[PDB]
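Here you get one chain, nothing else, as structure tokens; it is the form solved without its partner chain.
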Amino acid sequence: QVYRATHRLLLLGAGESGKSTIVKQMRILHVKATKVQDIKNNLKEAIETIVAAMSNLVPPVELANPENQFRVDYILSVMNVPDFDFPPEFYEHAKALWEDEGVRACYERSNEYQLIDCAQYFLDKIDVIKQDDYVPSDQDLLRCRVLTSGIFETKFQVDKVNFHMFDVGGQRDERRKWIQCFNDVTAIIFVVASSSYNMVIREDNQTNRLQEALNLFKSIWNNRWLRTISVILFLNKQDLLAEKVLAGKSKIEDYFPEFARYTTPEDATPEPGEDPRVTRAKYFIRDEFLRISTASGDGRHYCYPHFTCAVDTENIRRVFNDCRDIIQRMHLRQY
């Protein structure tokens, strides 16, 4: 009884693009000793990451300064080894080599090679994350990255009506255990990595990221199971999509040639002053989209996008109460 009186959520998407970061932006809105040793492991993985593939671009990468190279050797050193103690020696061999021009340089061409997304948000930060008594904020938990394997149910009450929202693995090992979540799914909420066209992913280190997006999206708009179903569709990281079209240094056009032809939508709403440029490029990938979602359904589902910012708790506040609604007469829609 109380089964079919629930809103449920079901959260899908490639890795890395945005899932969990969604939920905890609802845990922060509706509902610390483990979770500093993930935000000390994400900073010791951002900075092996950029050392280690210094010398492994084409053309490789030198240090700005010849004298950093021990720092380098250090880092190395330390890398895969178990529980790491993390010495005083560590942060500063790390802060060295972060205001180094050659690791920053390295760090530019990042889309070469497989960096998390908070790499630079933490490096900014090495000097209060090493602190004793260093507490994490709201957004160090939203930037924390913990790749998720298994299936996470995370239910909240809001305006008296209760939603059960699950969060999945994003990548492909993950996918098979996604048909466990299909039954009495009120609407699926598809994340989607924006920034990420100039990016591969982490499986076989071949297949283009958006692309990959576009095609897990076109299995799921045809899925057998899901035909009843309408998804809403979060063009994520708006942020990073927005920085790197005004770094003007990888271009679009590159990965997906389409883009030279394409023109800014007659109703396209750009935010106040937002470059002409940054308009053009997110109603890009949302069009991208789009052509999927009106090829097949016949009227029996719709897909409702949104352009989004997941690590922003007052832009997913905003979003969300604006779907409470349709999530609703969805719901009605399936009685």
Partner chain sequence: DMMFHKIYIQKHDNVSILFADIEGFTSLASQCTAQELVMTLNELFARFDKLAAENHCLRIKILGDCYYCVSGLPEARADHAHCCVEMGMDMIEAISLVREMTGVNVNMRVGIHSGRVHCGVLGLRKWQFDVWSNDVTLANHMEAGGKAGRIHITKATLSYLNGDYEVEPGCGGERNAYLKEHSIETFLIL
Given for the second form:
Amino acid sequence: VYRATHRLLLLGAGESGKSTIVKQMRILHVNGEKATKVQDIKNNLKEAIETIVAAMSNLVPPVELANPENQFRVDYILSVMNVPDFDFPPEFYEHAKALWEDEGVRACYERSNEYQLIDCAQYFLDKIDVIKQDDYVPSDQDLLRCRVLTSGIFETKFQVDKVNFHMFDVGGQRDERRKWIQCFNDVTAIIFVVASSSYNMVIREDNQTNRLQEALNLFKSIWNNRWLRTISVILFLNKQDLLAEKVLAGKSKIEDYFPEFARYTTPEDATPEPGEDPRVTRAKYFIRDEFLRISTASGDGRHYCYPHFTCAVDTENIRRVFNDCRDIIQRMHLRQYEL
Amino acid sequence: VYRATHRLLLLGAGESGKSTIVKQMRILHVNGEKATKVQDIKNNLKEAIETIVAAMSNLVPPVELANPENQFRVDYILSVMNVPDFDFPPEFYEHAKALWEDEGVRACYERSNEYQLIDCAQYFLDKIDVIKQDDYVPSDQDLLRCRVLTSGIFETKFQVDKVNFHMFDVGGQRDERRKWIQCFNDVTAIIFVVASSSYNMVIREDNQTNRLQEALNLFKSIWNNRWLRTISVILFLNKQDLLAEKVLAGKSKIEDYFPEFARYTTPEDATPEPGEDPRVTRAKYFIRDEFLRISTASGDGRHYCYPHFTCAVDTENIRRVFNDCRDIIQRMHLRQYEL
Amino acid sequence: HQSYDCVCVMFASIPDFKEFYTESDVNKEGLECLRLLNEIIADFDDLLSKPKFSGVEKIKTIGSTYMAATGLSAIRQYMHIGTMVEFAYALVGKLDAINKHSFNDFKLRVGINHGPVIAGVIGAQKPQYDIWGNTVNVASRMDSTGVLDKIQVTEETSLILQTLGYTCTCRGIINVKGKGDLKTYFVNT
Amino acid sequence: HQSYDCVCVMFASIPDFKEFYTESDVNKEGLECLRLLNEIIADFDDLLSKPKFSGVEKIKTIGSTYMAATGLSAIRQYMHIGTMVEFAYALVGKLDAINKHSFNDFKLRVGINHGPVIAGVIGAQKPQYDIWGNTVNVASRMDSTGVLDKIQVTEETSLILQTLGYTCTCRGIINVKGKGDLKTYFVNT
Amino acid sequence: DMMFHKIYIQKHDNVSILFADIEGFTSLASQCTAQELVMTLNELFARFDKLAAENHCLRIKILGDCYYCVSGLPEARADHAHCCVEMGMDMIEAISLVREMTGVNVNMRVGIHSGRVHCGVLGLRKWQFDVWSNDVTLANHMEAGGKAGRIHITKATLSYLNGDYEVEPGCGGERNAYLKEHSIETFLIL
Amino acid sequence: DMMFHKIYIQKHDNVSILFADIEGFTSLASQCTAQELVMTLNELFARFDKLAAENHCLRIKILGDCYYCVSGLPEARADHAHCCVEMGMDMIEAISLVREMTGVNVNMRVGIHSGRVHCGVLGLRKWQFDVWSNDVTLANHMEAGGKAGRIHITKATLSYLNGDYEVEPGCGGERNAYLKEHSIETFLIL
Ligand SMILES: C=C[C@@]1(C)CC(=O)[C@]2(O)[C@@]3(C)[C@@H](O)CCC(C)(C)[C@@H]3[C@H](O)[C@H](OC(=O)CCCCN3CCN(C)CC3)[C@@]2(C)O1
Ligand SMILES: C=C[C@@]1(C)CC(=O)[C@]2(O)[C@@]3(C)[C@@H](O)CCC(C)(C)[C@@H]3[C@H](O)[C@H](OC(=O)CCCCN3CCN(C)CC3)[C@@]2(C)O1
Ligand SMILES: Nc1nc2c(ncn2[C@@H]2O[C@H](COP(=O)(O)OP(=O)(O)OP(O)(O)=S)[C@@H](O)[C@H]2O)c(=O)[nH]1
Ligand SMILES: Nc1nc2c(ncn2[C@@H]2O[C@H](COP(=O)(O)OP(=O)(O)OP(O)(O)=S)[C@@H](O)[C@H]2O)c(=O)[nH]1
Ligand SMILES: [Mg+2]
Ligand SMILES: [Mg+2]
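Having displayed the form solved without its partner chain, please output the structure of the form deposited with its partner chain bound.
Now the full complex is given, and it begins with the chain already shown.
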């Protein structure tokens, strides 16, 4: 009855990617509603454009438009920024798009680590003409990209080869972490989610704490938690795509935010992907090893940590790694079933 | 009616001598009760002896008895120290006296500035055999010596050559200073009282603040008071006898507590008493000039300060200086009567 | 009489005064006491003539409690709330000056709150201006349940004060007669 | 049941707990909440087994308020009053440990008072030990009107605590239902 | 005059001080609009001000739902005790009339004491006539330790009433700590 | 069991929670000795414990002058609503008996609500059986927002009573903010 089910708890910092994993589980294992989510996609598009323009002036050095004309479109965007129920009139899309074409605006987009910008920005802005259509129907990849903050605890149920799962989604932002406790008892396993790409970024909550550092500190809290001594962690090192892009771009170096990366040489057991740049390998493994240092230093064969390089937006990568886990979760719900 | 009377306010620090001045006014100008005050005299005798013995051990270096025998009398005294209603049995006086004869006890008495000891100590201890008598009647000089702390405001009335006086007595200790205000309005003149001899002593309230310094600071507060701009101060530099004794004794030097005394040379207008040591003159005038520096630096001919070297226990010195003032008080109640 | 949307009300009281109050022959049966209170309330009234406090409207004194409001001379936005606070600090400084000279130690206890009120005149005889509303009762309770040398503010009032640059600390929770329990803060110096 | 002369009573409550309390399907209709409260109250009970707290007698818990007294195992003098205080600090430390792991921020609100009480059993059914007296009501009010992360004590309790080496600051005055107004202090750290 | 600001205050003996509060005022505020509340209030107090002139009480202030006046002012009267009692009578009927209109259970609680006061004004700005003394304090505690729909009076207020009114044991020492601690013999008018 | 201490608590539906306070308890404490107070109290509560067994209510705790129990425990009963009302009846008579003896004006104020609870014990030491939930909270506020000498009940407590008892409008929304803010329809038993 109660034991034939696996209760999974998704933990991790804000915007790490937890809600996306649950989405993928619906795509993958779960049996009219796409209409409602269009509103929220339009909201992401709006929030994205206005955040980039606002930032242009506030950066140091500030950023100028490439075309002085676009100044008026900047005024337009700024003027409707805090509007309650926004109409999304035909003009909005024209102004928004024109701005995104402006080379000086994209210059400001490239420095987005210097402010708070949602992940689905470039993706959505690149398809404005698709989204403005009034007969527009969101693709699945659009639903995966749509960013909505989670506040509260949300349970999802599914079945895989007649095996049952109860997945718990929670808010990863600081104010929200106080609710996590209500799932600690009876948990089968932890799936801790991490934004690997955010090494050059700070958290929203104070605009100072490094996002990767906050993730490490939060992991340590969970790992050495007094109510989680038995529980093993499935570590998802998420956003492997964005990471790689940042590594190859070579703009912001990892050694500048985590100086220890300077000491790092790539491991032996490293199993690079087909056609994966050695520097990408070196980077992603470095990030993994920062979390492994935490789990290695305590636990005493009482619980374990299983890493996985992931990308939540990629339904294919997720089907694969989730199957990788179905294995271990069986074995884990067995250890606690006996002791 | 109300204007034909002179309302005098006695201000000053705790134990400075204010209550004694009022006593002298009863001796001098005011028309069965001596019985009650015997109890309080016996109390001063007790408090005095027990304070000196208690101090012996707590001083550094401590002080030994001259006669090891007296140890038991020390035990006796210490054992009845906090007794509620004490009988004052015949033994008490024998033990008390024996202790006062002990040379090592007097050694501790000489260092009394190093602790808190009432002024009437030596006086009363020297006449134990007088005080123990059950038919004993307190002399006038005994009533002047009897130390009782004042808490509250007490009005005394008298008449001198048909001139009326309303004298106000107050507590000079810190907790008490908050009541002073209730006499500031309608006051004819201030009689500020100072213990000149206490340059080598600290106040009870914290066992750290120098008594003379506290007097200066308190004088400054009164002088530059916002409700006392018009009011002139009659400064009584009290305890001139004790001062002189300390100066001649040459044990504790003034230059060690007030280094500025080192710069001091005696003034021109100085009018020494007949057969007064030049060093006593120099000292008492120095102390006066410390208060004159405060009054000189502000006031703008709006109010004035009239110093008098005094000794409150000496009824003769008090009759003299009080007559010195009867003069000016007339003149002062006239300035405020017009402006 | 009319209504308003965002008026900042303040009660500043002196808890230790009633103790000081005495009646005896020496102090003219408590008159010398009231004389001091007069010097205090008057010293507080002097502050209203400062250009920076020209938005402050004294409503009345209740016993030895000073009651004033900002934003009655109205129709950037919440700058009058900060003014009310600057005023409270102003009172504290005046009260400290009194202490210096009265050899006393009165501490001020303050409560500030903002919200909708109804201002106007009441009574048939000598018509006098008063303001009414939950907004005012709550401000009163902020004082009555407050701490010495502390300004106690409601949660929303707290929120706004932070946008202006002050920090606040949660006092805890307080039961309001008729409004139930509610969370409060102390302003920091 | 008998009476005593100098028992030190303490109420320590957690104001922010009721907010945390929720009922939903996810938390088993509020059960996961009580589970945490259990870990807290139990973490507090562990302190009673420390040799230094062997004088501490837990009386009960009221909701999420912990009630304990020193000096029932009695017949230098006021050393049990200081003990009660050391105990309050002890609770704060335990509660901070809970916060670390629950990703929460509960603050403790404490009230201590000492004086004559009547200890004993009450009720016919399951006879249970309780103490009664003005001394206990006042301690309760010290808590209920107290501030977060603060120990509020009465004037006499204050006096004694100073002979033992703690300093106190006057909170102001408080109206006790039935005892009138009264002056209080916060202990310093 | 010169160093202290001039005080506009003067002592007065043989006066009687009345205090009244609205019983269940908060439940009334629960029922009606913020505005309608101010009108019921403003109206009731406009009425009280009339009774004051009739009964010879000088109205002092209105503090929320707390109303207070004093007979024997401005000028001295012998009837000072009877006036306040009379005012107290009227106030209790008046409130029951507005209790009909609203349909809510509100009522007045009265408290009276006799002795001396100081009356006048404090500070510079917004002058409002007021009274201060231990007797005024006692009277307020009399109101506070009072009983619904009843006139709660003191010892001193009975020796000025010349027993014209009939009373009964008041038991105020058990409704107010100040009355308890000061050993005040209270009574209730029949 | 392993990482969280074992909890001794369990959910229960269909129960009815009673809360009662002593009206004018403080005035009673003013009159008598500290000791005599504890005996009147201890005695009254010993009596209440009897009525509890008769009326089928499980007594929970005594907190000062606040007494509370709950019918439907330990084992489920249909009468759970009627029991608490009945207990409430008895409590109100019982208190009026000790009101004679003392001669002081004390009385009980009752409040009842029906719904689910969690019952058990918390912590390690000094175990005392207790109940917790929003319904228990509501019931307490029902007592608090109650009326002297009356049994104050809720909506939920009327749908389990099968209208055997006759009630009237309760107006609890104006005696308690929690009742107001939660839109609770209260009633008073006749
Ligand atoms: C100034 C000296 C002293 C000691 C003497 C005095 O007569 C008072 O001014 C009264 C009594 C007096 O002026 C009548 C009005 C009021 C408002 C009753 C004053 C306050 O209670 C004062 O104390 C306060 O400022 C604190 C209490 C104020 C709270 N009141 C209580 C009564 N309710 C009805 C209104 C608010 C007071 C007691 O202070
Ligand atoms: C634990 C969760 C939660 C939210 C739910 C609950 O049922 C309570 O435990 C009750 C209601 C419940 O256990 C019945 C007893 C009591 C004592 C009434 C508890 C307290 O009110 C709790 O809150 C508190 O600890 C604060 C209030 C305590 C004050 N009480 C109020 C009633 N009087 C009569 C006694 C003291 C409570 C409300 O907390
Ligand atoms: N490129 C890319 N974007 C990703 C990936 N995983 C998640 N995202 C994006 O990040 C955004 C935020 O992820 P989300 O799932 O909302 O995080 P969260 O942890 O649930 O956030 P919260 O509820 O704690 S505030 C989503 O809009 C999604 O587009 C990934 O691996 N690659
Ligand atoms: N030798 C000597 N002793 C004096 C003199 N004036 C006062 N004393 C003594 O000092 C002691 C204390 O003086 P007292 O009059 O009590 O001071 P006070 O200012 O009234 O003290 P308080 O009421 O503020 S605490 C008295 O017992 C008296 O003996 C003096 O000029 N010479
Ligand atoms: Mg989410
Ligand atoms: Mg004296």
